[PDB]
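Removed: one protein chain of the complex. Kept in place: all other protein chains.
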Amino acid sequence: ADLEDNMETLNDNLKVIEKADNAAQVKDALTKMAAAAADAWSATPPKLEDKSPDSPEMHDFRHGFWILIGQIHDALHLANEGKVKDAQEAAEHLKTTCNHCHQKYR
Amino acid sequence: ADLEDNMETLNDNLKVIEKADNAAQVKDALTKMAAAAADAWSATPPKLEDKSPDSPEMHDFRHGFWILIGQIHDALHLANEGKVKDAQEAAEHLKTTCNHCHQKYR
Amino acid sequence: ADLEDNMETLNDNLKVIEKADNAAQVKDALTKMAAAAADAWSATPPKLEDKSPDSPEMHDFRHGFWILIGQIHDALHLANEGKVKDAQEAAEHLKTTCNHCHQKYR
Partner (left out) sequence: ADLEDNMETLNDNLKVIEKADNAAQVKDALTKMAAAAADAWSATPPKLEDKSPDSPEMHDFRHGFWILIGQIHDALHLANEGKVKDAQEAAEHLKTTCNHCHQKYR
C-alpha cells in the first residue's frame, strides 16, 4: 500500500482498541497496526522528496518507525497475557510517537 | 519483493559487513538489512501455507522478524557511535536469530 | 539507594539535561539516570506495602522500570552519535513514563 493508506490503517485501528470489549478485538487491531508500520518503512514522504535515501533526514525518518514497531511489539505481549486494560493504555501512549514524526516530517 | 529475494538481500549484506574496510560500508549494509526484514514481515513461508494467517504458527513466525529488526537497530547505533568493530561483531551475533527461524520454519 | 533517593536522582538529572550547554553534560546525566532506575527495580513502594511480591501490581510496577530503562538506553545512543538536541527532546518525553507510574503507584 502507499503511505496514505498505511496511515489510515494506523488511525482507524487505534480507535478500535479504545472501544474494544474483549481481548480478541484488541489483539487483531495491534496486528493490523504492526503490518501497516512495516509496509510504510521505506516510503519517501512529500516533505523529503528532494533528499537522498542516505541523508540524515531519511535516517531520522526511519528511526521513528523502529520506535513505533517496538512499542506495538510490547503492547501485543500485554494483550496476549490477558492484561487487556494495560494494552489499551499502552496504545494510548503510542500517540506521542505519531505526533513526534508528524511535527517534524508532515 | 518476495520472501526469497528478501533473504538474498539479508545474506549479501552480512558478507559486505564482514569484508568492510570503512564505517560507511557497514552503515549502508545494516540499512539495507533493515529494509529487507521490514518487507519480509507480511510473507507466508511455504511450510505454513496450510495454516490460517492468525494461526499460532504465523504469530510465532512474525515474532522472529520483530527480534531481528530490534537487533539491527542496536547494531546501527553502535556503527554511528564510532564503534565499528563492535558493530561488525554484533552483526555476527545476528546469525543465531537467522538460524533459529530456519530450523523451525524453513 | 532507597526509593526516595533514587527518585531525587532521576528528577535532579532531568533538570540538568534541560539546562545543559554541552554534549558531555547530557551523557553524564543520562548515565546517572540509568543507574538510579536499575537500583530502584527491586524496591517495594509504600502504596503496595500490603501486596505479595508476586502480585499483578508488583509485576506491573517492575515492568514500568523496564520501559524507562529502554528509553534511557536509546537517548544515550542518540547523544553519542552527536544528535544532542534530539537526546534532550527524548529525555523530555520520559516524563510520560514517569507520570504513568506515579498515577497508579505514588
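Think of it as A, B and C in the order they're written, each chain with its own count starting at 1.
What we mean here is this: a residue touches a chain if its C-beta (ideal position, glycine included) is under 8 Å from a C-beta of that chain, and two chains touch if they have at least 3 such contacts.
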- Touching residue (missing chain; options C:15, C:73, C:85 or C:106): C:73
- Query: Just one of C:3, C:7, C:23 or C:35 touches the chain that is missing; which is it?
  - Reply: C:35
- Task: Since one chain isn't shown, list which residues of chain C touch it in the complete complex.
- Result: 28, 34-35, 38-39, 41-42, 62, 66, 69-70, 73
- Note on the structure: Residue list for chain B contacting the dropped chain reads 60, 67, 74, 86, 93, 96, 100
- Since one chain has been left out of the picture, which residues of chain A touch it in the full complex? 74, 77, 80-81
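Simple rule for what comes next: only the chains that are shown with their structure count from here on.
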- Go ahead and note the Å separation of the Cα centroids belonging to chain A and chain C. 24
- By residue number and range, which residues of chain A touch two or more other chains? none
